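With chain AD fixed as given, assemble chains AC, NA and 1B with the ligands onto it according to the hints.
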Amino acid sequence: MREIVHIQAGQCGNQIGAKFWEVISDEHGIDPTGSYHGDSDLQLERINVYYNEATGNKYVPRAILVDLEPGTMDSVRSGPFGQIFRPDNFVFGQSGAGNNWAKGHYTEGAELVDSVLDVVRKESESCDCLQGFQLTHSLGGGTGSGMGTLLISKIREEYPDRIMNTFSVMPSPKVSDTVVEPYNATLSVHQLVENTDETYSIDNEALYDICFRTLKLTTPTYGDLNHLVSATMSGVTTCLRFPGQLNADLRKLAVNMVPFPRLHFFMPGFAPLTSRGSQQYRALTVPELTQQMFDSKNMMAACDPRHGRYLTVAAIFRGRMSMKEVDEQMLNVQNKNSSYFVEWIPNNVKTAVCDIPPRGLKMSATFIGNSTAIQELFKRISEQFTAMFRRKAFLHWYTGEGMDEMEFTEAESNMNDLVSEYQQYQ
Amino acid sequence: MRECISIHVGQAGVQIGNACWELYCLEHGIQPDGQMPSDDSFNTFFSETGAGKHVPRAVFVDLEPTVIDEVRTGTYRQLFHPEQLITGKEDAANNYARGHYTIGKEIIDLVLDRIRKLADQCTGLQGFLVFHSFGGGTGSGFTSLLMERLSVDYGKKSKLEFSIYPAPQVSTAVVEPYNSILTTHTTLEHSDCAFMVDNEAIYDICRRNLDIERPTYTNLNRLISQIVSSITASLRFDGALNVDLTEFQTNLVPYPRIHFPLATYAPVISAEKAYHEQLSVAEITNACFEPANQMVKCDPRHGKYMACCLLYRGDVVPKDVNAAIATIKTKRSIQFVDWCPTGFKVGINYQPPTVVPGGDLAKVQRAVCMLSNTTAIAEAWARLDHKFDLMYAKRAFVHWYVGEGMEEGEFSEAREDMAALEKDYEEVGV
Amino acid sequence: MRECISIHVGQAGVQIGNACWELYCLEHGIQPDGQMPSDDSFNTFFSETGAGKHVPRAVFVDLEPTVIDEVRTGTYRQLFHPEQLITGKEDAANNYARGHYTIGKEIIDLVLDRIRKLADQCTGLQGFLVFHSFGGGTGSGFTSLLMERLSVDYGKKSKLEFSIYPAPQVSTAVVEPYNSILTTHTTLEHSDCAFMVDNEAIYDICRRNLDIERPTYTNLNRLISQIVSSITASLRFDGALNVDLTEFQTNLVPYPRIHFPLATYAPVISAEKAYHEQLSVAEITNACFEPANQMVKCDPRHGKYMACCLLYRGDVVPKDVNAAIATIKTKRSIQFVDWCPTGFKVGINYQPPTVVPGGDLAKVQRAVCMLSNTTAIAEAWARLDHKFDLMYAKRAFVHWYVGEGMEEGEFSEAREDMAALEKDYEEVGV
Amino acid sequence: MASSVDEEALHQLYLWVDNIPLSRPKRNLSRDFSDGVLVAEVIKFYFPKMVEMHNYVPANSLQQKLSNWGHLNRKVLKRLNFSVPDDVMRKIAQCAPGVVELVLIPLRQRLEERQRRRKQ
Ligand SMILES: CC(=O)O[C@H]1C(=O)[C@@]2(C)[C@H]([C@H](OC(=O)c3ccccc3)[C@]3(O)C[C@H](OC(=O)[C@H](O)[C@@H](NC(=O)c4ccccc4)c4ccccc4)C(C)=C1C3(C)C)[C@]1(OC(C)=O)CO[C@@H]1C[C@@H]2O
Ligand SMILES: Nc1nc2c(ncn2[C@@H]2O[C@H](COP(=O)(O)OP(=O)(O)OP(=O)(O)O)[C@@H](O)[C@H]2O)c(=O)[nH]1
Ligand SMILES: Nc1nc2c(ncn2[C@@H]2O[C@H](COP(=O)(O)OP(=O)(O)OP(=O)(O)O)[C@@H](O)[C@H]2O)c(=O)[nH]1
Ligand SMILES: Nc1nc2c(ncn2[C@@H]2O[C@H](COP(=O)(O)OP(=O)(O)O)[C@@H](O)[C@H]2O)c(=O)[nH]1
Ligand SMILES: [Mg+2]
Ligand SMILES: [Mg+2]
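First to last, the sequence lines map onto chains AD, AC, NA and 1B. Count the first sequence with the deposited numbering and you get residues 1 to 44, 47 to 360, 369 to 436, in order. Count the second sequence with the deposited numbering and you get residues 1 to 38, 46 to 437, in order. Count the third sequence with the deposited numbering and you get residues 1 to 38, 46 to 437, in order. 8 is the number of the first residue of the fourth sequence in the deposited numbering; add one for each residue after it.
A portion of the hints provided could be inaccurate.
Stated by the list, open to error - Straight-line C-alpha distance at most 20 Å; calculated PhoX-like pairs for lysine-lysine:
1. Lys336 (chain NA) <-> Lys311 (chain NA)
2. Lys326 (chain AC) <-> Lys336 (chain AC)
3. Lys163 (chain NA) <-> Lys98 (chain 1B)
4. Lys326 (chain AD) <-> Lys299 (chain AD)
5. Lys124 (chain AC) <-> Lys60 (chain AC)
6. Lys338 (chain AD) <-> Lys98 (chain 1B)
7. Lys352 (chain AC) <-> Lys338 (chain AC)
8. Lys124 (chain NA) <-> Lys299 (chain AD)
9. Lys124 (chain NA) <-> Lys164 (chain NA)
10. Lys372 (chain AD) <-> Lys60 (chain NA)
11. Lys124 (chain NA) <-> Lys60 (chain NA)
12. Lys96 (chain NA) <-> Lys218 (chain AD)
13. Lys370 (chain AC) <-> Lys280 (chain AC)
14. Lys112 (chain NA) <-> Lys96 (chain NA)
15. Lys124 (chain AC) <-> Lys163 (chain AC)
16. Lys336 (chain NA) <-> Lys326 (chain NA)
17. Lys338 (chain AD) <-> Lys124 (chain NA)
18. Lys372 (chain AD) <-> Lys176 (chain AD)
19. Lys163 (chain NA) <-> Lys338 (chain AD)
20. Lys124 (chain NA) <-> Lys218 (chain AD)
21. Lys352 (chain AC) <-> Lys336 (chain AC)
22. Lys82 (chain 1B) <-> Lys430 (chain AC)
23. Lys326 (chain NA) <-> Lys352 (chain NA)
24. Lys56 (chain 1B) <-> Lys82 (chain 1B)
25. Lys112 (chain AC) <-> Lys96 (chain AC)
26. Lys280 (chain NA) <-> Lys370 (chain NA)
27. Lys430 (chain AC) <-> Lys85 (chain 1B)
28. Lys60 (chain AC) <-> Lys96 (chain AC)
29. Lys156 (chain AD) <-> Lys124 (chain AD)
30. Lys56 (chain 1B) <-> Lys85 (chain 1B)
In case anyone wonders, no lab produced these hints; they're calculated from the structure.
Just chain AD, with the same shape it has in the complex:
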């Protein structure tokens, strides 16, 4: 029943996916050993969406862990929930990609794509009614951006009709940790736009901005950014794992949220968000959730929505609430801020409400937005690419892998084409 098959690519992808697995195992009440320990039967009916039923009433997640290094596999298996995973889905090479997209897409990951495909196919045939694939990866470096796009293309080729949603942490200028990120991002979005039905753009800088300027953490580590990602990870698929008054699965979002086929790079967000010493004082009412939700500080990318127009926004609310105030805020936001939403398309909001709130939360709101302002990251990536493209650096480490100049040129042309379409409707 609407089974969803998860794939992890790169160290970023597999660690954030592992923490997502931890979060939704707590939501479904799954013991670290894999046994069920939840309180209500509501956690139990839609276990088949993320986990496989096995002997002893223990449940194994439908995740395929893919990497080119064994060290990340070693860390994840030794992590808090390493034991719950399938030993077979730990499919990995030995030599790393070295943050080389060409390595992952032609040499290093091409040999392991056969060993990942035979696992993803068995996972899919284990499903009763497959709905799609949620894939976690990073546009930075050559592992997540490199092999991730290749296997995404393969699964899209053999699964042409299933939903393809990807959550992509993507490079940024001021919190860049690797020199050669823009090549990787340009060569990755080239395949992401053509193949993926859904892509969530996540930028690390805005995660940092959330954890300082909203969460007031003095030392928010990398796991806290993983937590911020996993919150929306769990939120976007809430409707098809739990009952709610307005059920909106992934394709419910899709039919409402992407006006033209290529305009599918979106803006995630989550509410509520407070510091430790300020949650005691906050009124968690739904209107306040809304005023927090469309704030430019709550978002997870540097693209400020005030520099563009929203095409479609998705607000999947959660908890035991009525909904007239839901409609009134969703119309007030787009009425008083009608200059920030495309007036030519009148009702830019898709509303979904779930009946069971997250554990420890009385209510929650998950933000998904289509703004023309998201081109801020794309054109900046293209500009940084040009600053390292126009007269030939670092290309020997790609062309040595069989990579060629004209494909780089087409990738840049496609970035320019994308930013053109997203500026067209602004």
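Showing chains AC, NA and 1B with the ligands alone in chain AD's frame:
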């Protein structure tokens, strides 16, 4: 005798069914288990077996299981025939395209199979009461596929249409007008009398009359159920002037294509408010024509009445009905078309309204069901047509409809048909 | 309903807030932790959450942290929303220049952000109660920047101004008139009714009436809080003649620019003195017009009264108010302008004054709040204008204001504006 | 030919509406026309047929005012080939001086236009 098969399509249809049958079991005194503790007043809606069990003649069809298998878990899990409540595997994605060609295609054959096995025990089948929503993918596509085959397998039988219609301001999806426009061919060609439901108008109703600040859709349902039960009141209980379901629709319909009447219910009033009013027949008669009581956000004072049907129930004397309608025809603010100086059809039933114990509606000795066709309702379509233009002018979301097997020009036939309907409801007003 | 957002700017503003909220929590019975042991009388000043906590709608803004993070350490550290009390990094240096252009520029955007997040829960927001000091750098510059944006974002809302004004003799800084003169544009253009506070006059008040030889500013605060609470008394408690905050300022204001009334409070009396007096309504009425009880060192007998407002509270009968005001109009020493032979606005409230346990004020069954505009108050500006000349004649300290981004001619516009105000308050006295 | 509108045209227009027999009591015009129902009464004199007065209800709440004026835009103004933006309509509904008169000026001219037209 006098059986009616109720169809419930989409989430809205199945849940409005859950509320309607909740009302019916209470008013006819059936437990949630189907038993009768202790007249054939239930034969109109419920079938009887040898063991003393009341089995409803209803189908819950949803292309997704969540709401229906939630019904399989609720208090009415044993009331219904489990495999007459049909669930699909893939949701309709708020898309008319897949619901009408792709996903409903494999399931409709079982739906008509169950409809046939519901028809074959009905000795006096009167008509069909199908419930859905215009904006929903299932309620659009699957209903569009279903009335097509019902109109050729049960062409003689009347098909009443109770549909939930989008608001001028309140909306839950951006694709709702797309789903709504391709539904218009079904109501025009494969429906006999359609009843349109607006959520924002009834939101105002519950805000002003019920004094409740925070109702849910369940409060909406526990009044749509009253409106449908009041329409079916004459078929199930005794009355001085019982109106047959065919008599009803003959009184509503002036022309085969003009069969889209508004609905209002009175007295919609809270329990704290029922005490201080005597609640005469006249005031419930006067309250129905008040634009602040309309079920659809359109001003009747902006339009002209063609057919008027007074469906009273409870302790109402027909003399008081005549006295009220004399006052109604007395005021000029309510101007009827030059078609109907006779104006009013009167129907009286002896059963007082049945109150839901968890409801927000008061217990009143008298209740009236107002169903009227008017030219003012074209405004509820006069914003939807301009709305549909505002999306179709770029081909806003058509690649999905194209990608799921719909012809691109079906939108062209759709807005041509709505324009024809809008014209048809304007010439008759002269 | 009837909410008011209180603004506290500068050291004087934040500490007078600390005393005001100290009075409010006692009079409305809230613990320093925000809880209610056991009417919606607190909705005017405090917001309520689900856990039973009273959260004030107030902002403490200081460009320096010492006083506010002292509040973060005091008994009211948990009463306030911690990040609605905003601290800067660089002090205002008693300079209007940096506070209005340089240092308050980076912090004002957060201040208006918090003002918006305080406005969005106020369903019936009545007005603003901003507290500061004229002579202070923050209370001048940051308030000047803040009322500018508040007047364009909350133009309709009333903005009451409670400001602390320098004494003719007592002064704490040499640059105080410089800060005071550039504040005059704000009160004239971006304020609706300003209340001026003189430290030396109230020093005389506490010296003579309270019999206390050695009070602090905290004693000044524990009577400014009473004056502001008495002004807000009608909005929070029941009264025979409740005066709305808009009604109040409509009764004060004869012309849009004449909105600068004096304030006095009665009975200001020590605990040892409260015993030997019956303390009738008449004598508290007579004590208010006595120049030895004025809050600003100006002689009302030197001027003419325009508008008179009798804000009584406690066990006061309006007949006694009429009897007192008949005597008030009887004497000639109190000559009102030929504008107002009606003279007096009367406001009575049923709540007796609330006593601070550590205060120096006595417990009295009756209390009256006196607010009156008069032409004699121009003398309090008639020494400040000659004062400002006495510095500006060499350009005494302007290089700092010039060095921090102020135009040199802004002083010229400043004394031109104060001269215009001084003239405006003289022609109306004829 | 006056390129712009002078203060005298306002008075001319003020007197003309009084010249028409309109079933209205003694009150200023600038606050009555704001309602909207008066405008269709004015036009009743010219063509009684197109005016229904079975469509707009006299109230004095801004919501009903604008709801009536919007209806009037698409049922009377459209016949006169006359179009106005909502920003203007807001001001008419607010009893704004000068604003509704800026529509009263060309309204009568459009009516006389329709009179001259040889409609069959
Ligand atoms: C005592 C109390 O009220 O504290 C709350 C809490 O509400 C706060 C402090 C929580 C708290 O979260 C954090 O401290 C945090 C730190 C870094 C990154 C993200 C969160 C909380 O840890 C998080 C936790 O939230 C949940 O349990 C949700 O179900 C959440 N799951 C997790 O956060 C989680 C934590 C550890 C392991 C597995 C899951 C979730 C959210 C969306 C979708 C699915 C699940 C709750 C209620 C609290 C604490 C414990 C302090 C917040 O978290 C969430 C996700 O709601 C941070 O801002 C929100 C709201 C609150 O301020
Ligand atoms: N009045 C009322 N309308 C409802 C209710 N439930 C759903 N609707 C209407 O249904 C519309 C959207 O349709 P959906 O919620 O998607 O339900 P559906 O018909 O099953 O369509 P799909 O989910 O795509 O299969 C909304 O615009 C609502 O107006 C209800 O309980 N009361
Ligand atoms: N009546 C009274 N006046 C005060 C009090 N505190 C400060 N003042 C006034 O404030 C004036 C000087 O301002 P500051 O002390 O510098 O306070 P400020 O407004 O924050 O100005 P900056 O320190 O420059 O930011 C003095 O002349 C006092 O009259 C108080 O507690 N009571
Ligand atoms: N948000 C987030 N970003 C990360 C995390 N770990 C690493 N990153 C950054 O994301 C980028 C992704 O590149 P990387 O995954 O190392 O390339 P790969 O090895 O080829 O997959 C790196 O440059 C890191 O700076 C994390 O846990 N969260
Ligand atoms: Mg549905
Ligand atoms: Mg200071």
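Verification of the supplied hints:
no.: 1; hint: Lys336 (chain NA) <-> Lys311 (chain NA); result: holds (13 Å)
no.: 2; hint: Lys326 (chain AC) <-> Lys336 (chain AC); result: holds (15 Å)
no.: 3; hint: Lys163 (chain NA) <-> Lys98 (chain 1B); result: holds (19 Å)
no.: 4; hint: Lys326 (chain AD) <-> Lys299 (chain AD); result: violated (26 Å)
no.: 5; hint: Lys124 (chain AC) <-> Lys60 (chain AC); result: holds (18 Å)
no.: 6; hint: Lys338 (chain AD) <-> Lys98 (chain 1B); result: holds (19 Å)
no.: 7; hint: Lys352 (chain AC) <-> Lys338 (chain AC); result: holds (18 Å)
no.: 8; hint: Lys124 (chain NA) <-> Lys299 (chain AD); result: holds (15 Å)
no.: 9; hint: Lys124 (chain NA) <-> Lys164 (chain NA); result: holds (16 Å)
no.: 10; hint: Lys372 (chain AD) <-> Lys60 (chain NA); result: holds (18 Å)
no.: 11; hint: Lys124 (chain NA) <-> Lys60 (chain NA); result: holds (18 Å)
no.: 12; hint: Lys96 (chain NA) <-> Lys218 (chain AD); result: holds (18 Å)
no.: 13; hint: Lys370 (chain AC) <-> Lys280 (chain AC); result: holds (10 Å)
no.: 14; hint: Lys112 (chain NA) <-> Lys96 (chain NA); result: holds (12 Å)
no.: 15; hint: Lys124 (chain AC) <-> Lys163 (chain AC); result: holds (18 Å)
no.: 16; hint: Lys336 (chain NA) <-> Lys326 (chain NA); result: holds (15 Å)
no.: 17; hint: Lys338 (chain AD) <-> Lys124 (chain NA); result: holds (16 Å)
no.: 18; hint: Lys372 (chain AD) <-> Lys176 (chain AD); result: violated (37 Å)
no.: 19; hint: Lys163 (chain NA) <-> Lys338 (chain AD); result: holds (18 Å)
no.: 20; hint: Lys124 (chain NA) <-> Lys218 (chain AD); result: holds (18 Å)
no.: 21; hint: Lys352 (chain AC) <-> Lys336 (chain AC); result: holds (13 Å)
no.: 22; hint: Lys82 (chain 1B) <-> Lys430 (chain AC); result: holds (14 Å)
no.: 23; hint: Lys326 (chain NA) <-> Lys352 (chain NA); result: holds (14 Å)
no.: 24; hint: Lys56 (chain 1B) <-> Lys82 (chain 1B); result: holds (13 Å)
no.: 25; hint: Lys112 (chain AC) <-> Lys96 (chain AC); result: holds (12 Å)
no.: 26; hint: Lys280 (chain NA) <-> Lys370 (chain NA); result: holds (10 Å)
no.: 27; hint: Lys430 (chain AC) <-> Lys85 (chain 1B); result: holds (16 Å)
no.: 28; hint: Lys60 (chain AC) <-> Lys96 (chain AC); result: violated (31 Å)
no.: 29; hint: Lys156 (chain AD) <-> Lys124 (chain AD); result: holds (15 Å)
no.: 30; hint: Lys56 (chain 1B) <-> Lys85 (chain 1B); result: holds (16 Å)
Of the numbered hints listed earlier, those contradicted by the structure are 4, 18, 28.
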